[PDB]
Amino acid sequence: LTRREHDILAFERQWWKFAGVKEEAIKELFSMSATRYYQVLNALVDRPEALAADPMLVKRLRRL
Amino acid sequence: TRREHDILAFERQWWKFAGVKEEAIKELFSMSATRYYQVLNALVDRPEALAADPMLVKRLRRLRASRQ
DNA sequence: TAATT
DNA sequence: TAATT
DNA sequence: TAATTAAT
DNA sequence: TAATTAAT
Numbered sequence: 021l022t023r024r025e026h027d028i029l030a031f032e033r034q035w036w037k038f039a040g041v042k043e044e045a046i047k048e049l050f051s052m053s054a055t056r057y058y059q060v061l062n063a064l065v066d067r068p069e070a071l072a073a074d075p076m077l078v079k080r081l082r083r084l
Numbered sequence: 022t023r024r025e026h027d028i029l030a031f032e033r034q035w036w037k038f039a040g041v042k043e044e045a046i047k048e049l050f051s052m053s054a055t056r057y058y059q060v061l062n063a064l065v066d067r068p069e070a071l072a073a074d075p076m077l078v079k080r081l082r083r084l085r086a087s088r089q
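Quick note, the sequences are listed as chains U and A, same order. In the authors' numbering, each residue's number is its place in the first sequence (first place is 1) plus 20. In the authors' numbering, each residue's number is its place in the second sequence (first place is 1) plus 21.
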């Protein structure tokens, strides 16, 4: 289906631009490079206050 | 520790975006996300997929070849 | 770039 | 330590 | 003593 | 398109 494959290419194309918004947001919200954010992120997941402050978040993230 | 605070809300709101992405998947192609990801790996590695966009497929192969 | 200096 | 690397 | 993607 | 021990 080409009339539906054309839709599929756009759908993932936009959701790519959103992670870019996250990258821009992280840079302008924390004055940090976008990946050092993720370096300490998985470390703080394995801390009891992280699983107490927001359970579903750390649950999904630790699941990786 | 207030940086830790707003980071939690940040990933929380972008977790909701992932949730919005899941619902967008379920109501645009009538497809569960699991089979959606079961075919995504079978389509990105195609000659036509690489041809349409040079950066998209390259990022997809590079990042998963580094995470795994 | 990214903890490490 | 503290911008600078 | 339950849960959950994921496997087969 | 569901099932099921079994894994983590």
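Keep in mind that the hints were calculated from the coordinates and are not lab data. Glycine included, every Cβ here is placed at the ideal spot set by N, Cα and C. Any given hint could be a false lead.
Part of the chain A face toward chain U, derived, beta carbon under 10 Å [claimed, not checked]:
| # | residue |
| --- | --- |
| 1 | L29 |
| 2 | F31 |
| 3 | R33 |
| 4 | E44 |
| 5 | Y58 |
| 6 | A63 |
| 7 | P68 |
| 8 | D74 |
| 9 | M76 |
| 10 | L77 |
| 11 | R80 |
Hints violated by the structure (listed by number, smallest first): 4, 5, 6 and 7
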